[PDB]
Amino acid sequence: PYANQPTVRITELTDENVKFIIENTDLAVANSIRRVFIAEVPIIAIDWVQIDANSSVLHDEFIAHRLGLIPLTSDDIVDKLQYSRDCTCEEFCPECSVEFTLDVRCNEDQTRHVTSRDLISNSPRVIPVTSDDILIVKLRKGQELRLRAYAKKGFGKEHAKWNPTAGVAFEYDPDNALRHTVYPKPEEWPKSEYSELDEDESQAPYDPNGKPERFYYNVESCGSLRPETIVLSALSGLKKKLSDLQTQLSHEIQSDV
Amino acid sequence: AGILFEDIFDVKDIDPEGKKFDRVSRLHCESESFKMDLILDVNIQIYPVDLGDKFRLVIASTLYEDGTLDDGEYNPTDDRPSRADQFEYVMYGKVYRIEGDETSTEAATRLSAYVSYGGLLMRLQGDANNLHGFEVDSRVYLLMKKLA
Amino acid sequence: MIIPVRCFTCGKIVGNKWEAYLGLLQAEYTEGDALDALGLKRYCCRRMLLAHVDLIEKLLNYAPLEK
Amino acid sequence: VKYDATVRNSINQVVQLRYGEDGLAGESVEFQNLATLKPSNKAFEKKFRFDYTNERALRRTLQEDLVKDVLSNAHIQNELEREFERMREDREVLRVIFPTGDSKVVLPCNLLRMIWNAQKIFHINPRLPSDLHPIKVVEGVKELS
Amino acid sequence: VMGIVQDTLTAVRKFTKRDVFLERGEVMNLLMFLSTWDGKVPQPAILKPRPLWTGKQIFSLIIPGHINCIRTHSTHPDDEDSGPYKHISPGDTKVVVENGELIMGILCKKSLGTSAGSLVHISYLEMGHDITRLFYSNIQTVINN
Amino acid sequence: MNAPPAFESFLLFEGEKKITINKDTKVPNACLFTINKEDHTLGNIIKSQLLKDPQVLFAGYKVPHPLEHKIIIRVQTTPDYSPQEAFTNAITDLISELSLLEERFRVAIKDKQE
Amino acid sequence: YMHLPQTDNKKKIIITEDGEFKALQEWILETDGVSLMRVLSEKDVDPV
Amino acid sequence: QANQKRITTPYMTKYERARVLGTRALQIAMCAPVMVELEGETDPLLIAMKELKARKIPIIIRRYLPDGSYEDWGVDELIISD
Ligand SMILES: [Zn+2]
Ligand SMILES: [Zn+2]
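Protein chains in written order, with the authors' numbering: chain A, 2 to 132, 146 to 271; chain B, 2 to 149; chain C, 1 to 67; chain D, 873 to 1017; chain E, 534 to 678; chain F, 1 to 114; chain G, 1308 to 1355; chain H, 46 to 127.
Since the hints were derived computationally from the structure, they do not count as laboratory data. A virtual CB, placed ideally from N, CA and C, is assigned to each residue, including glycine. It is possible that some hints are incorrect.
Just the calculated beta-carbon pair ranges, DEER-fashion [said to hold, decoys possible]:
| hint | chain 1 | residue 1 | chain 2 | residue 2 | range |
| --- | --- | --- | --- | --- | --- |
| 1 | B | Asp102 | D | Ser1002 | 14 to 24 Å |
| 2 | A | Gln260 | F | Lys23 | 39 to 49 Å |
| 3 | D | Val1009 | F | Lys23 | 50 to 60 Å |
Required output: the full structure, derived from the provided sequences and hints.
Written out as structure tokens, the structure reads:
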């Protein structure tokens, strides 16, 4: 009737990829945790850009989109900065957003590559991922680019530039045991990475009393957030959403009674 | 006591027309005591079955074994009247046709009752003194268990 | 035109690999080994680097309209 | 269609006396089967005579107070023989109107479906004999038509 | 001409077969997408060992009121009617709908599509016009989900 | 030109409530939750956690339309256990679920880092 | 042209002594051009 | 004509049903008295349909026979097809 007892085991914790296994958990819980990874994890990204001078062949909208989808590190201060909509500050303030200044001018014969390194911030804890660098626009001689950009706080439901993951992979029941997929020719399908069968066997035998469990994750960050703190941020966001649901449901049930 | 049919059956055919559906197989059965043949569709992945296997069959209107009607609603929290749970395979369905061998002169020297378990069907040729409990448009249950 | 920063399907960083892709192509490497050396295990980014044609060298051959 | 149910033109010229030669709209009409044109004379006499010489099938199909009234009261017997003669001349009329044995024909309301509905709404048992006197059917059809 | 087409029909075909069986978590969500549901979960066709619902009871819950209909599936074997197993149908042909309950058969274009005497046609000619609209909407919700 | 701004998928303006309670009249002891401005992410959790409870007969969710950011959850229990407090228990054990998972992930990270 | 019909529309259908419809295959003639007025006036054709 | 010698199908068809349900509802829209008690609805179509079910519609239908002579029918003796 109550919550069960999940266990976690970590198989790889490199600088940009994390694989972990969650056991003793229903399918919907793991699916929701996967969904929150790519939709509702807070991150700092550029949303407000102001173009002062743009003589490039790449016009204003190209540059605005490319600067919007440049990832920004938010490993520690993503919790500190509030949302711009919830800020009592009007328009923007340094407490509610991060200001970016970009100024570049080409006066040489060879092509100037305006990359993400040329972006200059005010807070040193927000910077594009250079600590190869991301190309933005190439300039010929005599072509300038001057702009100011503001970075807000948002998650993946608004826009894909606020999606912190590179790409999440979600595997449960690796060798087929619950017949959640019906293979017409089981011998023609490659074994999974986490399969536990020999070469002769194709699928696991039928389990009528089984239940989907032992989920395999292969979540991968885009270099903005660390690939181990993204899971903690996702779980914290889910917990805060359900606490808000607690408060709203309690208010409604005291209002009705 | 609510039991409409009591018999012990044995199988000889698993799929004489072929393996039509992957998860449903069509059994062919007959008894050894009162000589009624049987055909039946049984799920396979939740219930293995093979040739030469002996089982006894119970067909009852209600599982309560008290004569009280259940009215056909799923009540998982109503296990208080101690339903017929000692048998390990339970179906639920209705009849749709009861036809026999009439020549409009005598009265049903043999009866063949058709029962639909939501698509899984059976059929029971036999004497009318064993199949007179079945009435058209009536909800019935099916009980299965293995025998040694 | 120009290489996108993100893969359309997943969102892995693409914009910091075009110069490296041309650099590995210039050093006698095939496309498969160059893509494997850039850490693009998934084919969604492999098709982004493989099937992208660059037009900026065609567009920077023109005199700018201002100075 | 004017309010006299006669199909007329703009300047009131009669095209059809009734819509579709019968005065029925085409939305509700259904595909039906006559089941009288195709059977032979022996089959028609076997399936529509209402014989009562053997008297045992009639006991099996009806109740005792009904078979007592059927086996007597020869006016009832004459009425059912008149119905059989009417159905015989109707078979002749259907054979004259319809050649080539095209038993498929469109009629408004599908009789077999309503009979099946009446079977499965009132929970009648086809095994047990029913309580329905034949002239109730006879003058029910006559008073209906 | 109002007829199930392109996706919902071929999903009704796979949802209507004998071999499909839904756990409690599948019927559990399929009963949410109804509008004419009375609010009572039907008794499953399988109880022990685990409660499994076949798709024909779900489509019986779709069918409103008490509809009686007999159609044949597209791959109906012509030798089944003459020989035995006429009402057993080992291929699960011979769609019969009895008292608003789907009994056997896999539905197809000949039963739910734009055909004369189809299930939706009888649903229009018996229940009415609003109930048919709810029938179509309930099909397109639950079968797609 | 009729593109909705992206923030109304989860924001609430002035005029609607987060939770509204409707009592179903077709069957006794039923409720109609109408959680507004979430998606299947919450609804799948609610359905699974309420199916984990043994004394709940009916508890499912659906979306009326993918455009209107709204889910509706219909919960029916035994006639001795309110659906509202069933929802309350299904959330207050879920809080412990997520907190326990967070703590175990934290200690797994700490153990993996030397 | 001469051909025995296979579709029942152009086949001979009559009543029999048992009252059962029977499919009779009879020779039919299909022509090119219309001269019906002299065709029915000719010997051994059916004017019906 | 008089009460006798009055022939027309007594089933009030869908066309005059739509016509009456339009005209009387527009009469509510132009603030006419309502012939039936209503319980908390404001759409003239809904109350007009409700009083068409109640068969208390205060207009008559003048039907044009193709001969030329008129024929007057009210609502309360016509019966609803539904
Ligand atoms: Zn501010
Ligand atoms: Zn990619």
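Could you tell me which of the numbered hints above are not met by this structure, giving the numbers in increasing order? 2
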